[PDB]
Structures are given as C-alpha cells and as structure tokens.
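The complex is shown incomplete by one protein chain, all other protein chains being positioned as in the whole.
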Amino acid sequence: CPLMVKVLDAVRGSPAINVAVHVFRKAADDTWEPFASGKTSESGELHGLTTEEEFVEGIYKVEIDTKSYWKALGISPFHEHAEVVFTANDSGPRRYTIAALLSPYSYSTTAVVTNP
Amino acid sequence: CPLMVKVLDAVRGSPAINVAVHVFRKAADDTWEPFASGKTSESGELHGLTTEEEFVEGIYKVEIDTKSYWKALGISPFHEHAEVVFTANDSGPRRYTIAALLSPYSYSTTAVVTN
Amino acid sequence: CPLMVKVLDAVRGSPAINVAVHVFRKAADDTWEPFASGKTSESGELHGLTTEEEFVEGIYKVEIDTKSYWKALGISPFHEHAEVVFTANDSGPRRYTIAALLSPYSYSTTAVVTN
Partner (left out) sequence: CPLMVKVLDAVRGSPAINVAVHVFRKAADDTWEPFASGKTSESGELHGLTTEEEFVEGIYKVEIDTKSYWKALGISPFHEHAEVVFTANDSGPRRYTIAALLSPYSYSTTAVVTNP
C-alpha cells in the first residue's frame, strides 16, 4: 500500500469514520486531474487508493472532506476541507501515510514516509 | 484588519519570517482568483491583506509557501505548501486570524475568529 | 515580560478565556514549588507572571487547567490538565511565550522564544 490516509477526531477521541477523501495529481498542463478517491473505515483508515505501478512520480493533492464530516455531528466547522499537497516518488518509490487530526476550527496533518 | 495570517516555526521556536502568503477567492466558475498576498513580518504576521469593504462572504484559500521557507533554512520538507480553505460568513465574528504552525513533515492550522 | 502564556480553543475558534494557569519551578529536592499563576484574559493571554530578576535559569512547569475549561462549556474532556515542562536558558532569546491549542481529546503546545 503506497498511499494510505488516516483521520482522527480530536473532539471525540476516536477515528474519524466515513470521511470522504479525493486524491488529485498535477497533469502536464498544470491542472489537477482526479487520481483516486474513497472514504475512511471504522478505524479511520483509507486503504487501497492506488498501486505501486499507478503511483508514479508527481505532485499529488489529498483533499479530506472535513466540512461534510463535521456537519453530520452537528458542528458548523471553519474549513471547507483539509488539503495536503506534496511531491511523491521523486527519489524512487516510497510508502506514504497521510494523517490528519481534526477539530471544528483546526486541523493538523503529518506524513510518515517509509522506503520499501 | 478583517483577515490576518500568522505563521510559527516549530523547529526553531520562532515566528516564521519572510514566508510568502497568497490569498485567493473562489469565482463563480470554481476557479481561484488572486485576491491578496504578502510576506510575513519579523513577528511572523501578515497584516493589511484586505479591507472590510472588499472582504465579502465567499470561499477563500490561503496558500502558505512552506517549501521555500524550509529550503532557505537548508531543511528538506514534505509539502509543496500549506493550504487553508474556508468560507467567510457575515453572521460570525468580524476578524479572522488564520494561524499555522510549521514543521518539515507536518503543519497545524487554526482559525481565531473574534469581534 | 519574560514569560507569557497564550491559550486557544480549537472547537470554538477563539481565545480560551478565564483558564487557570499555574507555573512551578523545580527545587533542589526535585519537588515543584509554586512560582506564579493567573487566569487567561479575553485575548487568551496571561501576562505579568514574573520579572527578569525573578526568572532565573532552571526547570519550570506550566500547568494549564484544561479540564475545568471544557467542563464549563459542557464538554467532556480527556486530560486532567496540560503540562509544559522546559528549561529556561540564559544564552537563548529573552522572551518566552508558551502557547497551547486545546481540543477535548487533544492539545498542542509550542514555544516562541524571541529577543
């Protein structure tokens, strides 16, 4: 699994479940092309977005749909989404975990990058 | 000052100085139109981006050029930039501070919205 | 103002107002001796804790009473309090700001140390 997304809820102290995630990759014309999408499981994890073959070098954007998540809990949050933009695989294949910790008016994101 | 941006450095324990910041407003066709920009000061702050008259309700994006900041310090970073996307809403408090705390492989952002 | 404490609320997007803060200094027998305390202001800030003369090198602990803050808002929190423990060092920059961003099950803290 070359790209995994994990989302946690800082209000409830739990995984953030059923969070929609859309991944985009910058094309040669500088536009953001849809790359993969999914939603977090009961563990707050999203697996299976892509494959080693498909996940080539590029600039990727991981958009985490935080607003939809919060509204369903009765909270009117600040942000539209959390966006995470990074260059991937420019020194060869790596495995990326993109993690996000969510609050209604704040979020934090970190990456764990490992070499297979 | 309806919109202020503040940036801090979690590696050095300091304001993040001379960081480029660009603000965009979402247009009717869903594209991002340049709205305001500047560089953070010695206190890590960027004031004077807009005025009450110009800062109407709508969706805004604040892009913070974190990659260039880390590169200038000789530190290899993860993100191309930090992006903060939010709706300005007239019912809520009037002044928005978008703050960001930067590390090479992580960032955190919060909004302080007050009267 | 060699030591300032600033507290923000990640749920409401606001300063954390009227939060009790206690500062302790580590004594020679390893016990924590009360040093200074106060409540955060309407801007989430606590100034005037100590003076240059009194704030000598040593290990300090800042305890932020987060549990009472959340309980007053009707929100069930995880932590008893947030604790920030650090060494004051004379070589470094002179003014210390200990900042904390609070959520019910999480908190983040940073130091901004400047001249």
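Letters are used for the chains, namely A, B and C, taken in the order the chains are written, and counting of residues starts over at 1 for each.
One rule holds for everything that comes next: a residue touches a chain if its C-beta (ideal position, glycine included) is under 8 Å from a C-beta of that chain, and two chains touch if they have at least 3 such contacts.
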item: Contacting the left-out chain in the complete assembly, out of C:4, C:17 or C:113; value: C:113
item: Residues belonging to chain C that touch the chain removed from view; value: 59, 78-81, 83-87, 103, 105-111, 113
item: Sites on chain A contacted by the missing partner chain, in the whole complex; value: 8, 10, 13-15, 101, 108, 110-114
item: Positions on chain B contacted by the hidden chain, ascending; value: 9-14, 78, 101, 103-106, 108
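The definition used in the following text is that only the chains that are shown with their structure count from here on.
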item: Chain centre separation (chain A, chain C; CA means) in Å; value: 33
item: CA centroid of chain A to CA centroid of chain B, Å; value: 20
item: Chain B and chain C: spacing of chain centres that average the CA atoms, whole Å; value: 25
item: Multi-chain contact sites of chain B, meaning residues that touch two or more partners; value: 108, 110-111, 113
